[PDB]
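Given next, in C-alpha cells, is a single chain: the form deposited in one PDB entry.
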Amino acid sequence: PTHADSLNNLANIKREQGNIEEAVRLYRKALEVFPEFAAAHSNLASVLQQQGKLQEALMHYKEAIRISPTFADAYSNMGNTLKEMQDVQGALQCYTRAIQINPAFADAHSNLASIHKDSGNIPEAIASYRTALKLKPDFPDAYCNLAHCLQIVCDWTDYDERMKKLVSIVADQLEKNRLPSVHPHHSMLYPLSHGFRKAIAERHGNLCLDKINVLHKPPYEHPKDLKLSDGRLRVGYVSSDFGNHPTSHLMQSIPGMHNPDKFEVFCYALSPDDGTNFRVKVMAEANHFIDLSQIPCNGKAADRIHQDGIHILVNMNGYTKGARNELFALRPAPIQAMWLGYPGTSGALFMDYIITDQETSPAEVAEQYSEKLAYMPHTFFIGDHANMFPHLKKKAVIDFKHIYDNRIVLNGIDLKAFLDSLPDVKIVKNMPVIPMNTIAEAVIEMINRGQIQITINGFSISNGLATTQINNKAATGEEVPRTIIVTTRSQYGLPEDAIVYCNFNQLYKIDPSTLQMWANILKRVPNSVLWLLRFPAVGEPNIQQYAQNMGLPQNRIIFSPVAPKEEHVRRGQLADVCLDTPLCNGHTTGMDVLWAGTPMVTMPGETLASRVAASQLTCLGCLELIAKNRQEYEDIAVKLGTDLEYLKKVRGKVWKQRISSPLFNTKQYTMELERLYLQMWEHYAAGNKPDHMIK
C-alpha cells in the first residue's frame, strides 16, 4: 500500500525523465505489491498507449475501471485507446459512461465531439464542443476543434473575433512549449503568420522524432553511388493513398512512366489494398510494390525501406490521414522529399526538399518552408485526367433552338462514329452540332423522364445522371465509359439563358471575404448564377443565409449533390467560368474543372495552398485569369460573364491548351521529375547538403 505508493511515484518520475521502460517496470512492481491500485493501472495504461501497445493498455484501463467505478478519467482515456484501435462504437460508449459518471467532465465532452466530427455529424460535434467550452472556458483543443467544425459548415458567427482567438491560442502554446491545438493542415485556413504556420508543423515533426528516438536505432548507412543498382536511381514513393483517393487520381500513371534504364521504382503502401483499379495499376506498373500496412512497427518498416537501397524517398502524405512520418524521421534514405499530397511545409529537418515550382513557391518566400525548394519547370501539380477521362477530350452539342457550347453536351469514345451516322450535323469553328430534329427530341425526352439510357442508330446513349446504374467502375473513374453520355443544364436545374459561375470545392474553403466577392460578381452580372455543391449539405443553409444578408435572392445560388468522380469532372463542362477559392484553392478540384475546359479565375495568396490554382493556370498558359487583388478578381470574373466574345476566346483557349500545354502531360511530367531527381542525387553524391534547386 504505502510501498506501492512510492513505487508508483518513482515510476512517474522516471516517466518524466523519458525513461519509459523503467517507468513500465516500476508500475508493474507497484501492481505486484498492491494489485488493487487504480492509479497505477491507469498510469501504466497511459504509458503503454503512448508506446502504441494498445491491446496491453486496454487491459490496464479495464482494471482501473473495475477497481474504481467512478473513475471517469479512466473511461475517457480508455475511449481514446479504443478510438486509436479504430473501435469507434466502443470509444463512444466509454466517452458516454465518462459523461454519465461526471456530467461536468469537459474533456469527455470534447472527446465525444471528436467522435461525432470524425463520423460526419458536425451539428452534434458542435453541440458537444460548446458544452465542453461551457464547462471549461479555457480549453484550446476544444476551441480549435470547434473552429474547424464551424469552418466545414460555413458558420461564420463572430468570425473575425474567432480568428483572433485562434492566433492568440497558437501564440500562447508556442510560447509555453506545447503542441498547438491547430492542426498544421488546417493552419492554412487561419490568418496565422508564416512563422507560426511553420512552427506548428515543426512541432509535429518533432513528435515523430520523439516517437522514433525510443527505438534507439542508429543512423542508417546510405548508398554513395548507383553501382549496386546498376546505374539506376532507386526512388521510393510512400503513400497511404494508393487506391481510391485524389492522390492516385493525379499520379497513378507516374510509376509506370519512369525510365527503367535510369530509375527503379519502389512504391510503399501505407494502406491495405482497397480492391480498386487505382491500386491495381500502381501495383502492376511499379518495379516493386511493398505493403507496409502489414508492418505496423516503424522501425521494421524503415529497415525494409533501407534494405531496398532507396536513394530518394518521397513523402506523399505530410500531415494527412494514414501518414507514417516516423518512417522519414528514421531517415532510411539519403535524400527525402515532400511531393504532391500535402500543400504545406513539413517543418521537419528530416525532410530535405519540397517539390514545388516558381509560381507556387517563389524563391523570395523560401523562409516559409523548412525544406529546400526543388522546382519543377512548369507546375508541380499533375493529374491523370487524359488517361482517366479521355472521353472528355472531345465533345458535341445539341442545338435546342444561337449556338451554345455548354447547355446540352455529348461525350464518348465512339462519339465520332455516332455523329457520322447522323445527317445534318454541323461543324462550328471545331465543335460538332446536332440540329433540333427527331434525334435531339428523343435525347431530351430521356432526360425529363429520368430514363437511364436509350439507343439511337445502334449507339448506346446514356443519361449522365445514371452512370452508377450503367457501369459503376466508369462512374468512379476506375474504367473509361464505353457508352456515349449526355450532360445537360436541365439535369442540375441550371438556367438555359444565363451565365453559370461554379465552384466544386468542399465548402470549408470558402470564407466571408470570398462569398462577398462572389456576391459582388453576381450583382454586377444580373443574368448569372453561382453553382456550388452540398459538400456538406449542412453548409448550404449557412451560405444561403449569408448570401441573403448580402442582398442576393435564393435563386442566384444553385446547389447540387456531390457526384461520382466521372460525373463531377464531366458536369464541369456545363459551367461558363469557375470561381476559385482564394483562402485555399482547388487543387485536385482545379485540375478537374480545367479538364472540362472551364476557365478558372483565381487570386494567389501567400501560402502554398492559396497559390496552386495560379500555378496550374500559368502552366496552362492563361495568365489573364490570375488576379493580383480582390478588385481584379471581380473585374476578371465580370468581364468573362458579360463580354461574350471574350468568354468564347478564353474557353477556346482552355479547351485547346489542356491538351497542348504540359498541364495534363504525365509523360512530360515524369521526365521532368526524373531530371529533378538526378539533380538532387548528383548534388548529394558530390558531397553536398541539400540546397535550393531553382533552375
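Here, rigid core means the biggest group of C-alpha atoms that superpose within 1.5 Å across both forms. Numbering follows the first chain given and starts at 1. First, how it differs from the form deposited in another entry.
Rigid-part rearrangement between these two forms places its hinge, out of 102, 466, 56, 124, at 102. When the larger part is held fixed by C-alpha superposition, the smaller rigid part is turned by 14 degrees between these two forms.
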Second form
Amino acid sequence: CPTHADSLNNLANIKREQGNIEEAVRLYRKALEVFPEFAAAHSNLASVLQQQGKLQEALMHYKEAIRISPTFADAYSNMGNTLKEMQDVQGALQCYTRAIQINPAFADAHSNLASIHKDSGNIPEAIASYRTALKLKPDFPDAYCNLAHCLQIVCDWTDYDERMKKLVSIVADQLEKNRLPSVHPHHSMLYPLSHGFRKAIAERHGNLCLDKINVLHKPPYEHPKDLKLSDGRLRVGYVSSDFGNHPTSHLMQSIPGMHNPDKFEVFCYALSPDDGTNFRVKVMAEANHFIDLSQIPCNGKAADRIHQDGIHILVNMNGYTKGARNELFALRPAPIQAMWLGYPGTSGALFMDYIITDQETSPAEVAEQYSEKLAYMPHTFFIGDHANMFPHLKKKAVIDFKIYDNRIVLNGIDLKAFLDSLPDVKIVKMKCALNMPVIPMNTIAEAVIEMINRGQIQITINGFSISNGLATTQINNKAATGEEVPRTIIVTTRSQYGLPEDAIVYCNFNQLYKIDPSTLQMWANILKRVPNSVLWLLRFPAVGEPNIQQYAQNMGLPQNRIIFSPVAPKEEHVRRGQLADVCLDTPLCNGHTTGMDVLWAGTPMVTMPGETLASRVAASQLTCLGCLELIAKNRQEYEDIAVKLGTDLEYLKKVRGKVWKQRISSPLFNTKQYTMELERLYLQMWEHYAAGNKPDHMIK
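Go ahead and give the structure of the form deposited in another entry, now that the form deposited in one PDB entry is out.
Partners and other molecules have been left off, which leaves just the chain.
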C-alpha cells in the first residue's frame, strides 16, 4: 500500500527522468524526513548522490538501505559501485559477492563483479562472469558491450560481424532513447559506428562531468583579457595524470623545457602523485611551475588553483582515459581550453574549444566528427622524445656470419671507439655521409655470439663493456625503462627472440585488441605471397596468442609463420625493432606511440588511413617523415606495398635507408621545432580570443 513518503519517492523518480537532479534530491530527502525507515528512498537518494560525486554521503545512505532491507541485493551492487569509485576495490568486491550469494539470479552483480576482474587484467574471469550476467538477463547492454571489449582484447572473433551489428544497434537504440550509451568513448574507435554516433557518445560522457560540478554551484571564472599580469607571457597549463612512467610522458617530457621563456610561462598540473621515476623529475625541474593536483581531490578547489595562476590556455592531455579529471575543464578556469596528444578522439564537450591535430590526421572534410574546432600543427600533431630517450639507437653496427642490417645489431654511445679497437672493420655506405660498420666473423665476433647463445649477462672485449640485449634490466634498470641512457654497448640478435636468421620479418608491437578479422586476413595474404617471411607479434596479452594463431590456421597459415614474444622493457622494445624488416600497421586503430617506436629504429611502416582520428595517426607520421609510398589508399595497395618490400630486396634497402636518414632530418622527432610550432599555434588561439572572437578553425 502507498504511504505518504511513497508518493514523494515516485515524484522524485519523475524528476530524475526529467533531468532535474537537484529537485529529485529534495524530494528524496523530504520522503526520508517523513519515513526514516524507507529503504527504497535511501537507495534512490544515494544513487543520485553518486552521480553528483558525493560518494561518502552516498555510501552512508547505501548502508542504511541495507540495514533496513537485508535482502536488497540491488543496494549491495550499487554500494559496491560507489566503493569502486572511492578506490576501495576490496570493499566493492565484497559487496558484489555478497549480493550474488543473497540472490544468485541478480544479473547486475555478476556484471559488476566481471568489471572488477576486467579492471584488474583478469580477462578470462571477466568474460566468464559477463556471460553469466547475460545468461540471466539477455537484454543487458552494459554487460554485452563490456564483454565485447573483453573479447576484443584477447582477439575472440566468434561471430564478429554479428557482434558488431548488435553493438551498433544498441548504441543507436540508446541514442534514440536519449540514454547514456554502453560503449565507452575510448572504445568507439574500434566498432563500425557512424561518425555521428561516436561524437554523440563523447557528448553523453562529457555531460556526466556537468552533474558533478553543478553541485559546487560555482560562478563563472573571470578570465584574463591581456598578458599584463603575466608580463607579456602566455600562460599555458598542461593537465595530465601521466607525468611519470607513462607513454604520454615519453612523448612530451622535453617540450615544457623547450618553451620560450620570453613569451611563455609553463604550468604543469599533475593529476597523479610522484612515482619517483626520472620522467616526473624532468618535467618538475624544467616546467616553470609544477602543481601536484593529486593532493587536491576537490575539483572546485583544484579549478580555483588553476584560475588563480592566471592560465590563458589550458591543455587537456587525458580526455577520456584513465586518471582523467574532466570536471576541471568543465568548470572552465581558463578562457582557452584544448585537447592535445593524450586522447585520440573528440571530447564531444562544450567546455572544450580546440583540438590540436593536423591536416593529415584530421582533414577539413571530416571536421564534423569533432565537436571542438580544428587546430592544425604544421606537419604532424604527434611527437616523440626518442631522440632524447634513446640517442644510442641513432647509430648502429652489425656482425657478419657467412650483408644484412637486422641480424646481429650493436648499439652504444662509445660504440665508435669500440670499433676502432677492432682490426678489420668494414664500412658499408648507405645512400640517401652515413655508414654502417660491419664486423667480420672473427675471434671477437664469435665471443659475442657465445655470450648470446650461452645467455650470459655481459662480456668484456678490449676493455669495452659488451652487454646482452635481454639483460638490460639486470645491468641498469633505469636504462631499461628509458629513464637513463645505457652506458654500455648492447647486442641485439634475431636468435634472442626466435626469429629466423634469413627471413623477412613483418612486425607489430601493438596491443592485440587493435587487430580485427580483416586485418589478420590482410596479413595472411601478404605472408602467402612472401613465402620466406614471418609475422612478429607480442603476447599483449598472452591469452590472445592461441586465438590469433587459431584463425591464422583457418586462413591457411602454418604455425611457424607467426612468431610471438613477451612484452619487453621500454628500451628493449624500441631497440629490438631494429631486427624487423617492415612494420605492418593496424588499420582499425593505428600504432600511435608504438608507431613512433618502430620508426626510430629505422624500420619502414606500412599503413592504411581510415576515417577515425586513431586510424590516421600513422599516415600522419609517415607524411612528416617523407615516406608517402608507405601509405595505402585501400587494402590491395596495403598488401601490394608490403609484398614488394618483402620480395624486392634492393627496393627494401632504399626505403629502409630513407627512414634511417629522415628520422633525423625530418621534423618528426625534432622536439625543439615541434615546440616552436606548437607555440606559434598557441598565439594564433590567444590573438583570436584577445580580438574578442569565439573559437574557430586554425588552418595556418
